[PDB]
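Protein chains: 2
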Amino acid sequence: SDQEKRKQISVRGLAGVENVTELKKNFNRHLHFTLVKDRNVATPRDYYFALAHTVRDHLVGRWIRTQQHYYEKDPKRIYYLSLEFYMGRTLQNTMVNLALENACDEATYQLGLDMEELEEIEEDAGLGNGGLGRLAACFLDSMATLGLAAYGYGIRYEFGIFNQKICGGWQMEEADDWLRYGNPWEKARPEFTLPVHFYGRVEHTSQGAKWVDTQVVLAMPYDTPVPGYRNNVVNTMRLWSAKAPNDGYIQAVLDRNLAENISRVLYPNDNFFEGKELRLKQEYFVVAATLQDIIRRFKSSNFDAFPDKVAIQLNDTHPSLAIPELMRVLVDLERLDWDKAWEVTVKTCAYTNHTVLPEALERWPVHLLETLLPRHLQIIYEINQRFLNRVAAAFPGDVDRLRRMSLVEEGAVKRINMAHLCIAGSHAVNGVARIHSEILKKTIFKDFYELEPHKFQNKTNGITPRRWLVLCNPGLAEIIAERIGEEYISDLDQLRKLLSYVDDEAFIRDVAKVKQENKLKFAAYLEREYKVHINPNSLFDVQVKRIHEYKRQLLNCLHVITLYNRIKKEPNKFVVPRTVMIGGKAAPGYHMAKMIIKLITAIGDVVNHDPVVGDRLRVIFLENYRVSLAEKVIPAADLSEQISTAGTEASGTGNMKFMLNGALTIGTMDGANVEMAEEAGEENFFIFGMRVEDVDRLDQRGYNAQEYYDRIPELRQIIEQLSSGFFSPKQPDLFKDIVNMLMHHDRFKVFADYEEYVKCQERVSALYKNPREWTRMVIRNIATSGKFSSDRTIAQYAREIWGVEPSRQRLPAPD
Amino acid sequence: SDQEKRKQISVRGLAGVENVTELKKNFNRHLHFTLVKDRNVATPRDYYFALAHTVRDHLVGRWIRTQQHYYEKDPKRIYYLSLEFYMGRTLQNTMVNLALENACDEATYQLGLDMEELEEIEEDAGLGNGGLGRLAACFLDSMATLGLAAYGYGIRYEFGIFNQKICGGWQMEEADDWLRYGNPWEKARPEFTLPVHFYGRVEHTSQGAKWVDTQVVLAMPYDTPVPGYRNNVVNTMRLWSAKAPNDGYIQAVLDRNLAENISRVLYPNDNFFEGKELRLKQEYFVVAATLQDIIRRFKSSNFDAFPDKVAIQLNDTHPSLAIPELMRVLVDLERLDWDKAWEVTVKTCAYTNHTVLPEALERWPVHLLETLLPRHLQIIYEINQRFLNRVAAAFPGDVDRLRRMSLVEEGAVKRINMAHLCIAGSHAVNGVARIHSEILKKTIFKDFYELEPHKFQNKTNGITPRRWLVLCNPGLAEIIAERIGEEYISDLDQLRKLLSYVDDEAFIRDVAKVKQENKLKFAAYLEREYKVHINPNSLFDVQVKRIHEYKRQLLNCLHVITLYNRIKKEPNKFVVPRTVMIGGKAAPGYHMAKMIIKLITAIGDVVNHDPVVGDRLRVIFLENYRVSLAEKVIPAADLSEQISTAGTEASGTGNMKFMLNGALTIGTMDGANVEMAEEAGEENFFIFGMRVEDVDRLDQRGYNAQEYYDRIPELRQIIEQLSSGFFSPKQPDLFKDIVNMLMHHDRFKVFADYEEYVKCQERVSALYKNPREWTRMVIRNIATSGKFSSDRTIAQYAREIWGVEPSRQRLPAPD
Ligand SMILES: *Cc1c(COP(=O)(O)O)cnc(C)c1O
Ligand SMILES: *Cc1c(COP(=O)(O)O)cnc(C)c1O
Ligand SMILES: OC[C@H]1O[C@H](O)[C@H](O)[C@@H](O)[C@@H]1O
Ligand SMILES: OC[C@H]1O[C@H](O)[C@H](O)[C@@H](O)[C@@H]1O
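In order, the protein sequences belong to chains A and A'. A prime marks a further copy of an entry chain. When the letters of the first sequence are read in order and numbered with the authors' numbering, they come out as residues 5 to 251, 261 to 314, 325 to 838. When the letters of the second sequence are read in order and numbered with the authors' numbering, they come out as residues 5 to 251, 261 to 314, 325 to 838.
Any given hint could turn out to be false.
Identical chains share a label here; the pair holds if one copy fits it or two copies do between them.
[Stated by the list, open to error] Straight-line C-alpha distance at most 20 Å; calculated SDA-like pairs for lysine to any residue: (1) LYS9 - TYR113; (2) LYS312 - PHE711; (3) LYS169 - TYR262; (4) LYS214 - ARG184; (5) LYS478 - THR394; (6) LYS11 - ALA46; (7) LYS9 - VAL24; (8) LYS478 - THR466; (9) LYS247 - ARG184; (10) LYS247 - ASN187; (11) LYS214 - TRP361; (12) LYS11 - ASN44; (13) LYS11 - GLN71.
None of these hints come from the bench; they were simulated from the model.
Isolated chain A, as found in the complex:
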C-alpha cells in the first residue's frame, strides 16, 4: 500500500473560510446529517445544536494543529489536576475566542433564526462547587491564551452541582442531568482507557514490593477543547469516566454499575471535608489514570529529565495522592532508587492551598487507606519517617515540633494530614492572596515555613477578562474599547488608561448608561422567568456566593432588617431605594446554611408585602446561582457584598468579577479585598470591620456576643423579632437555632462587625444619592482592576513555579 496516498488525509482546506456563506452551508449539513432533523420538526434546541456543531468544526481544526505543534516542539507540559472544573456555557466563549460571533450572528439571521435565543438553550457545565472550580476554568482559558502546553485533568461527573429549587422558602436539591441532551464539546476516547487498582495486598518479592489481588476499574477519557483568545491555540481538558472491565449471569452484569459509581456525582461540599470512601476513590481514580497518561506522553518524546518536561500542579489537597502514586510508579514499576524518585517527585509537584478553615482540611483515617490503598499507606509512612528525620536534624530535641509536623496524626483515630503530605512532596506551596499566603506562613504552616522558607510563595487569584467582561458585559467592553482600543482584552493592565477619563463627562455618562441598561435587562429577566417586580432605579445590593457561616450572609440579613425597622419607625422619611439580592447554594447536610436560606426568604415575605415600605426596599433570593446566572446578575450590580470575617476568605474571586463590571465594593480587609483596595485606593472602597489582628485580640480575651446585644438597641430589637416569631408567624420558634448560634456559639463574630457595617452602608447610600460622584468612583475601580486578570496570575505561576515562558505568539490557522 503506497503510504504517499495517505498524505491526502489532511485538515488542510476543510472547514472553509470563516465567512457567512460557508457557515450557513455547514449549519445546514449539521441540522440534517448530524442531528437527523429537518426544518419541519426542528425546535430551537435543535437549531442550537446545529450551530454548536458548526462552531465546533472550526474549533477542532485548530485543536488538531495545536496538538501536532506540541508533538513537534515537545515543550515542557503543564498538568493542572483538579477534582473540579466549573466551566459554564461554551458556545459564546468559543465564538468570541475564535472571532466568529459576527459571522455566526449574520449566518443565523439569514436563516431566520435569532442567535441570542439559541445561546440561552445551552446547559451550564457545572462540574464544580464554586470558587475553587471556577478558578480552574479561568486558569484553563488563561493558559491557552498565554500559549502554554497545558492540560486540565479531572473527573467527568455524570451529575454536577445540583440544581437548586426553593419550595416554601426552603432549598430543595434536584440532580443536575447536564448530559441529558448530549455534550457536543466533548470527544470520547475509549481507545485510551487505562486501568486503576483498588484494595488488594502488598507482597514482598526478592526484587521489590508488589501490589496484588487488586480490584480493577477502568478509566475512560473524554477530551474537551479549550481555546485561547484569538491565537489559534486550543488546549485540552481531559476528564475521566469510570468503566467496569468485561471480566447468576444477569446479576453479574447488573453489578457492573458498582464500579461506574466512582464518577457518578460531584460531592456538593464547598470548604468542608467529608471523609467518605467514595470520595477517596474519586481522588485516587483521577490521580492514577492521570499519572499513567503523563508517563506515557513523556516516554513518547531517563527520568532525570522528568521535571524538565513535566510540571504537576495540585489544586488543593484533593489530588494529593499524586505524590505517593508517582513514588509508587517510579520505585515499584520503574525500579528507581528511593532518593532519586523522591528528588524527581518534589521537583515535579507544586501545591496550591485554598483555605484556612480547619473543617475544610482533608485528614483521612489510616484504616480507610490501608484497606483501600495498602501500598500508598506504606509509601506515606516511609515519606513521613524520612521527612521527620530531616526535622530532627534541623531542630534537635524539639519533640513537640516533630509531633506537629508529622504526616500522621495520633489520637484514637489515626489520620493522615494531606496538607502536610503536599508540603513535603512539593517544591512550591502557594496561597491565593497576599494576606492568605502570609497567614499560612505565620500560623498553620509556620513549622514548615521555618524548615523550608524557599518553598512558600503567593499567587494572587484572578478571573478571565474574556468571559467576565467581553462576554457578559459587551456594552461596557464596547465603550471602553472606543476610547482605548481592544488590546486590554489580553492585557488588562491597559484599563489603567481609563484614569484619564475620570473627569470626561461623556465617559461618565456612558458608564452610567451601560449600567442602567444592564439593570433594566436584569429586571426584565427576573419578571420573565421568576415573576415579581424590582424597581430598576434602586441601588442593586448583591451578595452571591455559596452559603457559608464564614461568608456572613447573616450579617447582610441583620442589615436589611435594620433598614426595614428604620423605615417602619419613620415611614415618611426619605431613603435611597434598595433591591437587596442574595443567592447561593447550601451543601445538602449543612443544616445552618439551609436555615439561613429560609431566613432570607422569610425576611422577603414580610418586607416585600409591607405596603408602607413600598418600592423603597425589596429583598430577593436568587435561586440556583451558577456561572450563567453570575454572568447576568454581576453586570447589573451597583454594590458588591464581600463581608467575610477577616482571615477566613482565602482570596475570593466574585469580588474581582464585580470590580471589573462597575460595582462598588463594601467589605472587610479579607483575602483579595485587601489588594483590590490597594489597587483602587482605599478611598474608592467601602471598607469596614475588624482586621485580622482585631479578631485575634477578641479571641484571646474571649468573644461574648451578649455584650453587643446589651449595648446596641437596634441589634437587640432584631434578635427580639427573630425569637418572637415576627418573621415566622405560624411557627414562632423556627429561627431558634440561628438566634442561639449568634448569641452563644458564633465562630465568625457577626455581632462584632454589626455597628461598623451599618454605618458603612450609610455612607454607600449617601454616595449613591450623587450619581456623578458614584460613577466617578466606579471608573477609578474599573480602571485599576487589571491586576486581577488570570493572565497575570498564570504568568506568575509559569515563571516562578513551572519554569516556562508565557507567549502571545499566534499559531497559524488550519489552512
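Based on these hints, arrange chain A' with the ligands on the given structure of chain A.
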C-alpha cells in the same frame, strides 16, 4: 422573522453525488472533525468509523425524505414489536442496499486503505438470542425493500447476547460491551422521552378507574435507519432505553441506576421461560412506551379508524401486554366504552407463535402481576370473563373446555397464560411453517381453533437474500447473475431459471469452484484467528445453532463417534474425509447444554490427535457463533445438519441460509425442512428418521431407550466408551449425566433416530465421492430456494394480515 428564509434549511443538494471524489472529501471531513484524529494517530478502527460516518450521511438523507413522504401520504403503519432484533454488522449491508460499495471501495483504495479490512472491525449488534431475533432483522430488511411504512420497536440493551469463550473445553460467558466504541448508526432522541409506570394501586372514582401512586421510569428512544434494497426507502427501528426521572443526597443520586437496569441486559434464554421480575419489567417497558408513541403518531394525522391506520404485530408472547395496555389507554384514558375498545384492539393486533415446547411458554404468576401491574391484572380478568362467556355460549355445559381455555391457570400458583391472552385479543394468529401451523390447530390451540377457525393462519419463515447471499457469498451471486441477471435479488423466485443449467458443464464447474474458494477462505480464517488445521478437501459437515436438547447436537455427536470407531476398526479402509463443525451458545443456567459443549470438545481432543485417523476426520467446535460468523461459515458448508426431533423445530431459518448457499441438507421432516424438500424434490434432500406421527406412536406406547441399546452393537459401544471415561481420562464419570439422560430421561428420542441417521449419512458420503452429481443436486437446491425469501413471507403478512399492499416503486433520491 421572515419564515420564507427557513426554506434555505433543506437536505436538497447536500451529500453530493455518490462518486469517488466527493466520498474522499467526506471521509476526510469525518476523520478530522467527527473523530478528531489525523493521519498520524489514526488506527484502522478510526478509519472504519470515518467510512461508516461517510456512508451514514447518504443513508440519513434518504431517511429524512422517507419520513417526510410518510407524513404527506399517511399510509397505514406497521409496528413490529419484538424484544429481540439480531442485526449483525451494518456497514456492508448499507453500502449494498444504497449501491455504494464500488465507489467506497475505490475511494478508500485511493486513500491507501483496504475496505475489507475496515469492515471486519465492525461489532455485531447482538440484541438477540438466535432465530427469533434474526427473523425480526430479516423482516425489517424486507419490509423496507417492499416499501411498507414499518417501524421495528424494541429495547436498546446495553449488553447483548454474551460473548462465548471456551476454557478447558467449557463455555465461559463474557459481557458483550458492544457500545464501548460507540454506535454510529443510532441517533439518540432525548426530546421524545416518555414515562412508563410500575406498581402503584387502582382507585375507583365516580367516572372510572385510576392507576395511582406509581413509580415512574423514563423511556428514551434511539433511532436506527433500515434501508431497503435500492428503492431509497429508509425505515426506522426505534429502541427504548430506561432513564430515571430527576425527581442522603449522594445515595439518592447513585440509586438512579436501579431504574436504568431495565434495559441493561438481554436475557440469554432461547426457547425457555424464566419468570423473573426484571424480565416482566422489560416486557411492559417496551410495550408502554411503544403504544404511547403509536397513539401520538395516530393523533397527529375518532378511534374507529385506528385499525385502518395501525397494525401491531406481536413477535411471540413477549410483547403480549400490549393487548391489556391498549385496552387500559382506550378505556381509562380515552374513556371509550369497553366493547368498542375491544373491537379496536382485536382488529389492530396479530400474534405470531414460534414454539410448541411447553417450557418456552410464558405463564406469569398473578402475584407478580398484581403487585407490578395492578390495573392490567384487572383488565386481564375482565377479558377472561367475557371470553369465557363466549366459549360457554358456543359449547354449553363443556366445563372442561372452559378450564382449558381460561387465561387464568389454577394450581397453587395462579398464573396467566400469555399465549391464550394473545389468541383472544388478536384477529390473526400464525405459525411459522406449514407443519407447525398445523400442529397449533391439531394440538395446543385446538380449543381456540374450534371457536374461531378464521383466526388461524400460516406464514412460512424466510431469510433476506441481500445479507444471506449477495453480502456473504458474492462469488455465488456473481456466477448466478452472469446467467440470469440481477433481478433475482429482490425476486428470488427467479432462481428457478437456473434449473436450465443443471446440465451445463460450465455452470457445474463454476458452482463447484465458488464453493471451494469459500472453503479455502474459511480454512484460512480458522488458522489465522483460531489456530489448528482443517483439510479444505474434506466434506464440510456443519451444525450451527443454539445448543438445545431438541436440536439434537448429541445425535450428531453419536454419529462422529461412530465414524471414529469405524476408522479405528478398519484403519486402512478408505472413507470420505470429513470436517465436522459444531457451534452455538448455551444459556448460562442450562446445565445439560453446557455439558453437551464439553462433550463436543472432549471428542475433538481424542479424534483430532489420533495419528491413525489423520486427515480423514476432524471435529471442531466453532466458538462464539453469531451473525457475522454465520456469514463466514455458511457459504463454506457442504452439508447442513437440521436434525431436530420431528415436531419440535417450529420452522428453523439457518436451514434456508444453507440451502441458498450451496450446501445439501440432511434432516428430519420437521419445521420448514418439510417445505424445502417439497420445493427441491425429496430426491434432492437427505431425509431420515421419525415423522411427527411416529413420535406420537412411540409416546403412546412408551419410549424405552434400553431397547435400542440392546439391539444396536455400535450404539452400545459408544455408551460404554462414554461411561468408562474414554473421552475424559482424568475424570472417568464426567459424562454420567449425559449417559443417564439418554438411557432413562430423553424427551427427544436420540436413540430412536440413530440407525436411520447413520445410514443416511452413509448415502451423503457416497454422493460426495461423485463431485459432478453432488454439484448437480446442489444446483437443484439453490434453484428452488426462492420460496424462502423473507420478501415472500412479508408480502404474505402484508396482504393477509395487515391489509396493506407491498410495493417496489423506488422513491426519488435526496436531490
Ligand atoms: C466566581 C464564582 C464563585 C466564587 O465567588 P466568591 O464570592 O469568591 O465566593 C462562586 N460561584 C460561582 C458560580 C462563581 O461564578
Ligand atoms: C439464522 C441464525 C439462527 C437460527 O438458526 P436455526 O438453525 O434456525 O436455529 C441462529 N443464530 C444465528 C446467529 C443465525 O444467523
Ligand atoms: O482559590 C479559589 C477559591 O478557593 C476557595 O473557594 C476559597 O474559599 C476562595 O477564597 C478562593 O477564592
Ligand atoms: O420463527 C423464528 C424462529 O423462532 C424460534 O427460534 C424457533 O425455535 C425457530 O424454529 C424459528 O425459526
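Tested hints:
1. In this assembly of identical chains, the alpha carbons of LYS9 and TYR113 lie at most 20 Å apart only when taken from different copies (9 Å versus 41 Å within one copy).
2. Proximity of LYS312 to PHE711 under the C-alpha cut-off of 20 Å is found in neither arrangement, the shortest distances being 55 Å within a copy and 67 Å between copies.
3. In this homomeric assembly, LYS169 and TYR262 come within 20 Å of each other (Cα to Cα) only across copies, at 14 Å, whereas the closest approach inside a single copy is 41 Å.
4. Taking the closest pair of Cα atoms, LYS214 and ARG184 never come within 20 Å of each other, the shortest separation being 42 Å inside a single copy and 31 Å across copies.
5. Within a single copy, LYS478 and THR394 get their C-alpha atoms no closer than 33 Å, and across copies no closer than 66 Å, so neither meets the 20 Å cut-off.
6. In the homo-oligomer, the alpha carbons of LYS11 and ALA46 lie at most 20 Å apart only across protomers (13 Å), although the nearest pairing inside one protomer, at 39 Å, exceeds that limit.
7. Within a single copy, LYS9 and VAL24 get their C-alpha atoms only as close as 33 Å, which misses the 20 Å cut-off; across copies the closest is 15 Å, which meets it.
8. Proximity of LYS478 to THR466 under the C-alpha cut-off of 20 Å is restricted to the intra-copy arrangement: shortest distance 16 Å within a copy versus 89 Å between copies.
9. With identical chains, the CA atoms of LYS247 and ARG184 are at most 20 Å apart both within one copy (19 Å) and between copies (10 Å).
10. In this assembly of identical chains, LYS247 and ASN187 lie within 20 Å of each other by CA distance both inside one copy and across copies; the values are 19 Å within and 17 Å between.
11. Proximity of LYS214 and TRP361 under a CA criterion of 20 Å is satisfied intra-copy only: 15 Å inside one chain copy versus 72 Å between copies.
12. Taking the shortest alpha-carbon separations for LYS11 and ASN44, only the inter-copy value of 10 Å comes in at or below 20 Å, while the best intra-copy value is 41 Å.
13. In this assembly of identical chains, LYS11 and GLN71 lie within 20 Å of each other by CA distance solely inside one copy; the values are 18 Å within and 40 Å between copies.
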